[PDB]
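Engineer: Spelled out, the chains give:
Protein chains: 2
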Amino acid sequence: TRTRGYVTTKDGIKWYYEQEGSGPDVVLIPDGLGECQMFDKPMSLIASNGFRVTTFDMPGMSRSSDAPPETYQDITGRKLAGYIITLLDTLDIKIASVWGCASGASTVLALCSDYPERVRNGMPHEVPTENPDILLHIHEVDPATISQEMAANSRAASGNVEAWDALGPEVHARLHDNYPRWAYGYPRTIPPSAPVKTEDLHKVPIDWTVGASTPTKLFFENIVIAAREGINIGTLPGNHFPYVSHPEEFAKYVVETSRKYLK
Amino acid sequence: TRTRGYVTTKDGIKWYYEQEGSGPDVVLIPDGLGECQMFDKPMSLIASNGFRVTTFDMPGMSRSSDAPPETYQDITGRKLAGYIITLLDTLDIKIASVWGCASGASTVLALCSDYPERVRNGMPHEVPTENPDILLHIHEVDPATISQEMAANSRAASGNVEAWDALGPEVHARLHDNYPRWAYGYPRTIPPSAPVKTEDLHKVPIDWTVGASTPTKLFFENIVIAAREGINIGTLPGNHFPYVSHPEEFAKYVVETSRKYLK
Ligand SMILES: C[C@H]1CCCC(=O)CCC/C=C/c2cc(O)cc(O)c2C(=O)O1
Ligand SMILES: C[C@H]1CCCC(=O)CCC/C=C/c2cc(O)cc(O)c2C(=O)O1
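Going line by line, the protein sequences match chains A and B. For the authors' numbering, count along the first sequence from 1 and bump the result up by 3. For the authors' numbering, count along the second sequence from 1 and bump the result up by 3.
Excised from the complex, chain A in its bound form:
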């Protein structure tokens, strides 16, 4: 059944994490906002397809907020993979299908490249390689301003405002606090460290996606890199948060995608 709890790791981080189901492992890493409650409904669905699903709030974010300051500053996919790895060890997850959007997509690839042996297959979605105009000075302003701004930016990029609002008051209060921390630690340093070099993308299976309704320019490069490299590239319904806006379809893609690599 769904287990909800904490575990503190050797690196200082008090992770909030959730688990459900049984079978082969699926890890659901959050996008930059670090809020694993976005995964709630799809988590049940994947699990019920014969999977053990793991997810967690990200370091410094939400209920994982009791963490060391460096674990949410100067963030890269590789920094994040390091922490995920040491968390997976405590949970005895040896090999996993790994999903992530945004900076969490940065993390998928970082793991695919740096810890290939722990990735059965990586599912990155919208790897930041250039930030849009709206983020260029997001780290320069005040917390309240960022929370006001980033809540509308995320809300607009929800891909389904009904479902985005429907995440609820508890979640959006947590998100209100993550927004500022996210701006100070993620936007500048995530795109330039995107592991999309040739030598990152071929050590294990990768199925790349982009949001169906995301404006082409935002992750245009994602599609060209994947095509050039012969990496499976496609879309999913919605935009930046398919697991929230289109939970069923998202959970079907994870299931379908992971399915083809099981042996």
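In case anyone wonders, no lab produced these hints; they're calculated from the structure. Some clues are possibly wrong.
The list cannot tell twin chains apart, which means a pair is met if one copy fits it or any two copies do.
Below, computed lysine-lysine pairings styled on BS3-like, alpha-carbon distance capped at 30 angstroms [what the hints assert, rightly or not]:
#, residue 1, residue 2
1, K17, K200
2, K255, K220
3, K17, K263
4, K255, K13
5, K13, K266
6, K17, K44
Fit chain B with the ligands to the known structure of chain A by using the hints.
Structural biologist: Below, chain B with the ligands without anything else, positioned relative to chain A:
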């Protein structure tokens, strides 16, 4: 400086065309709506950068609506390419830099494939290779419903609704009659006919664009095929009508792209 007129070709089409400027030929093929008045400003800008610019209302559309039934039904890029060659011959245009969006883009590629001796360089924009669900039954309904649905869809996909509205009432009155005719003859046949096979794309230079704001899924495959084929691919500001939403940027792109293939 600008000439406007008609020419009935041996295939029975009564073409409305416009020319302006002097020098190497640039041909601007409309999108599915077939309304060459959308090219008014860009056509002025391009021509004074030292080009003879030609455009036209597409067969059966707008001021070229006096055309035989076959010329606006079961439409493919290749059929459109065939009528346009026939028209180009009668205007003594031997070789041209050619732009086109949508089914215009289809025609650009079909021109690049089957009439390579006529193309200096190809500028396709948003080649339809599949349809969004919004068009899947558009050929099945009555005209007034199509005109109501398709005006909003094109307005929504305009890239800049102010300037779309600013095309004026006379332009939109012609579009009103173009919608059903486009729906009955284009959607079903254009995508399956897309000349995007390997042998279609390496006879003349191709510079491929997709609207910066356009939902990724709409022309996602365009970016894949171009990246796979080593064909230059980029974005333009806006969506489906970059010549309407951003005249100056559009004309700069066309001018500079084509200049680079003069000799
Ligand atoms: C906060 C989240 C939703 C933010 C939604 C949003 O504003 C869309 C812009 C896309 C950029 C996302 C992004 C970019 C980065 O450089 C680093 C990131 O961690 C993210 C990212 O996680 O986006
Ligand atoms: C009418 C125009 C703008 C129509 C506005 C619009 O519906 C945007 C959707 C993109 C699809 C365009 C399209 C698809 C086809 O199969 C054939 C076409 O001729 C077009 C196309 O020309 O769309």
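Engineer: Taking the earlier hints as the rules, which of them does this structure contradict?
Structural biologist: 1, 3, 4, 5
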